[PDB]
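Build the full structure now, drawing on both the sequences and the hints.
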Amino acid sequence: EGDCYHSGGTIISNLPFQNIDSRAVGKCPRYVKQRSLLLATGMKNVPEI
Amino acid sequence: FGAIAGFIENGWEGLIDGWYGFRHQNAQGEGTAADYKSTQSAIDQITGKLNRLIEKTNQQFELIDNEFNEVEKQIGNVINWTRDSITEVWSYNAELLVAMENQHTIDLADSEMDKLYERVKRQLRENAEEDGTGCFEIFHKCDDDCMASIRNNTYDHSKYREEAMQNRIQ
Amino acid sequence: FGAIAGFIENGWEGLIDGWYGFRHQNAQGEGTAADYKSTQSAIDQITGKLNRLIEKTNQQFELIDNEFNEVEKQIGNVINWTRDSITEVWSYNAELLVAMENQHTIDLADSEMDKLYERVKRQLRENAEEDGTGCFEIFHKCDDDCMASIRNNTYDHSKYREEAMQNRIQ
Amino acid sequence: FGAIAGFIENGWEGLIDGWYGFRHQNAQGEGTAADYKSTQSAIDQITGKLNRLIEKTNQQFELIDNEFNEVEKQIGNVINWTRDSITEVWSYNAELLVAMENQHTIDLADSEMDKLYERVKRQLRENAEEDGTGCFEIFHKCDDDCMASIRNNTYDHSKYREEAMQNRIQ
Amino acid sequence: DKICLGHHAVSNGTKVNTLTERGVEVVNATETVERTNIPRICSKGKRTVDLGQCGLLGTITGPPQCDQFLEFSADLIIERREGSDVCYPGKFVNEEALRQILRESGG
Ligand SMILES: *[C@@H]1O[C@H](CO)[C@@H](O)[C@H](O)[C@H]1NC(C)=O
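Residue numbers (the entry's author numbering), protein chains in the order written: chain A, 278 to 326; chain F, 3 to 172; chain V, 3 to 172; chain Y, 3 to 172; chain S, 11 to 117.
Please note: incorrect hints may appear among the correct ones.
Claimed, not checked - With a cut-off of at most 25 Å between alpha-carbon atoms, the simulated DSS-like pairs for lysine-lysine come out as follows:
| hint | chain 1 | residue 1 | chain 2 | residue 2 |
| --- | --- | --- | --- | --- |
| 1 | A | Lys310 | S | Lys101 |
| 2 | Y | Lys143 | Y | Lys123 |
| 3 | F | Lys117 | V | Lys117 |
Unchecked claim - Partner residues aside, some chain A positions facing chain S, computed with beta carbon under 8 Å:
| hint | residue |
| --- | --- |
| 4 | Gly279 |
| 5 | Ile289 |
| 6 | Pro306 |
| 7 | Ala317 |
| 8 | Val323 |
| 9 | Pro324 |
As the list claims (entries may be wrong) - The following label-pair restraints were derived from C-beta to C-beta distances:
| hint | chain 1 | residue 1 | chain 2 | residue 2 | range |
| --- | --- | --- | --- | --- | --- |
| 10 | F | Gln62 | S | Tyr98 | 51 to 59 Å |
| 11 | V | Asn104 | A | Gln311 | 24 to 32 Å |
| 12 | F | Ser160 | Y | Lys39 | 40 to 48 Å |
| 13 | V | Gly8 | Y | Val122 | 22 to 30 Å |
| 14 | Y | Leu55 | V | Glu90 | 24 to 32 Å |
Hint data in this document are derived by calculation from the structure and do not stem from the laboratory. Backbone N, C-alpha and C fix where the C-beta goes; we use that ideal spot for every residue, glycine too.
Okay, structure coming up:
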C-alpha cells in the first residue's frame, strides 16, 4: 500500500523530506537537495574523561 | 545553560536506565542510581517533535511533465524553473527546520539539568555546599537510606539541620 | 527555566492588576500586591510580536484564472500546481511561524520569573533562605512598611543585617 | 538571562582586548583585565553563523523572460506572478532568518555571562557574598597575585577558607 | 560524604547540525530526508490497469492493441516507454493535454 510515485518505483516514508525524484507525484513529502539530514532523538554527549 | 559540557566534566556511560541519574558516596560505598522524572520529561519532548513532522499532507498534485513523449521546450524551462526553485525552498527549510529542531533539542538537556540541580539545592537547603565539578559536599552523615529520601523528594531539611550547620562552619 | 510550572506550584487568580505580583505574611496578615516592571516588560514583548505580523505587503498580484469563462486545461494543472504549492508553503510557515512565536512566548515568562527571583535574592542578601515552594523564609521582623521597601528596591541589606544572621544560624 | 542589561548596570568601553573582562580593587588599586575563554567561545559562535550563510547553491537557473523582444502578455502575468511571489517568500525568510539569527545572537551573551558568574561563584565557594550590581564582596585580603589565581582557575577555596568565614559573619 | 548529579553519554555516535556549529555528536539520532526507494508500484485498495504498448490516447481511437480498454474501468493508470497512440502514422494535436485529463478520468 502506498501514496507516492515516480518513474522508478514507490516512495514510502513518514519523513517530511526526500531526496529521490523531483517529479514524484501524489500525497508526498517535499523534495530536498541534501541527501540526508539527521535529527537527534537524544541529548548532548560528553565522552567520559 | 552550562550544565552539560560546562561545569559537569562529563556523563556517565553506565547509566542505561535513564538519560539522567544519581551517583553518591558515604561510609558505605558508591552506587549509580537514576531519576525517572528528569529522564522522562526529556523523552516526552524528543518524541513530541517526532509526532509533528510525521503529520503529512492531504493535498495531492498531478504529473505535469513527460519523460516519454516530451512536452514543449519554452515551457520545460519554466516548469523546470518553478520546480527547481521549490526544490531550493524545501531544501532551505529542511536546512532550517532540521537545523533548528536539533539546535533546540540539546538545550532541553541543560534546562532539565539546571532544574534537577537547583532543586536538590533547595531540599538540602542550608545543609550542604557546592564544590566545583557539580556535586554537593555533605558534611554530615547520610547513608543509603538517607540519600533515597532526597531522591524521591521526602527529605526533610529541619531533620538534619543542626548537624551540617555545625560541621560546615567548623 | 523552571519557574512557571516548575518549582512554583501555581499562579494567583486574584492578581488582576498584573501578570506578576507579591504576596506576603507577617505579624499583621496577608496581602496580594503586584509588580509593575515585571508585568510591564512582558506586556512590551507580547505586543511587539503583534506589531510585526501586522506589517503587510505592498506587492499587488492579478487574477490570472477564470471561474466564468474558463481557461485551458493543460495550464490549469500548472497554475493549480503553483498555487496549490504556495498554499502548501505559507501553510508551512504559519505552521512554523505561529508554532514558534508561541513557543518563544511562554519562555519569556520563565526568564522574567528568574529575573524577579534572583534579584530579591540579592537585596535581602545574607538575611533570608529559600524553603521550597518559591518563597524566602524571613527569620526577622518585617512588617507592612518593611516589605514595601523590598518592592521598590530601596531596602537596605546592612539595615537588618545582624538580626537575621542571629536568628538564621540559631 | 538578565545578565547584560539586567543586573549589570553596564559595559566597559575600555576593554579592547575582549568582549568579556575582569575589573578588581584592593589595597593596591584598580585594573581592567580580560577573559580569553569567555570572549573566545562567543567569537566562535558569531562567525559560525557567518560560515553558514556563505554556503551558496549549485543550482543554476536560465533567463526565461525578455526585456528586448518581449514575450506574450498572458504569460508575463504568470511569470511575473511566480517570480513576484518567490520574491515575497525569500523576503519573508530573510525577514525571518535574519530577524532570528540576530535574536539568537544577543542571548548567547547572557548565557556566556551567567556561565562566568556562576563559576567564580563556585571557586570562591563560601568565602564571598554578592552585593547587587554584579560583584563579589570580598571580606578578606586578596591582592594582585591572589586575584589572578581566580582568573586562571587555580584559586583554592580551602586556602583562604577560615578568614572570610570570620570576617563575613562578623 | 558527597552527593552528585550527572547525564548520560556514549562513544558510538553519529553527528548532527545546528545553527552555530556543524558536526556535533549526540545520543540517538533520526533521519529526515528519505533515501530508500521501493522500485515497484504499490496498489492496494484501488482498481488498476496497465497499457504497456497502448498509449493513453490509444483507448480513444483504439488501434488493434487497445481493444479491451475501449471501456476500461480503473482508479489508476500506468504509462510505458512503448505506448503508441497510433498505428497509421500520425500525431494528435494537443495530445499531452488529453493525457492529464485522461490521467484523472477513472475510465
Ligand atoms: C533511538 O531513536 C529511535 C527513533 O526515535 C528509536 O526507535 C530507538 O528505540 C531509540 N534508541 C534508544 C536506545 O532509545
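Now for the hints, and whether the structure bears them out:
1. A:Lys310 to S:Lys101: With a Cα-Cα distance of about 37 Å, the restraint between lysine 310 (chain A) and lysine 101 (chain S) is violated, given a limit of 25 Å.
2. Y:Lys143 to Y:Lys123: 17 Å, holds
3. F:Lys117 to V:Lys117: 16 Å, holds
4. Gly279: With a closest approach of 3 Å, the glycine 279 (chain A) hint holds.
5. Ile289: 6 Å, holds
6. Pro306: Holds: closest Cβ of chain S sits about 7 Å from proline 306 (chain A), inside 8 Å.
7. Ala317: 4 Å, holds
8. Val323: At 5 Å from the nearest chain S Cβ, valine 323 (chain A) passes the 8 Å test, so the hint holds.
9. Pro324: 5 Å, holds
10. F:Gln62 to S:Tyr98: 51 to 59 Å: Violated, at about 37 Å.
11. V:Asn104 to A:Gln311: 24 to 32 Å: The hinted range 24 to 32 Å holds for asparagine 104 (chain V) and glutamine 311 (chain A), with Cβ atoms some 29 Å apart.
12. F:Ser160 to Y:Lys39: 40 to 48 Å: For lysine 39 (chain Y) against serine 160 (chain F), whose Cβ atoms are near 41 Å apart, the range 40 to 48 Å holds.
13. V:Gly8 to Y:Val122: 22 to 30 Å: 26 Å, holds
14. Y:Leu55 to V:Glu90: 24 to 32 Å: 25 Å, holds
Hint check: violations occur at hints 1, 10; the rest are consistent with the structure.
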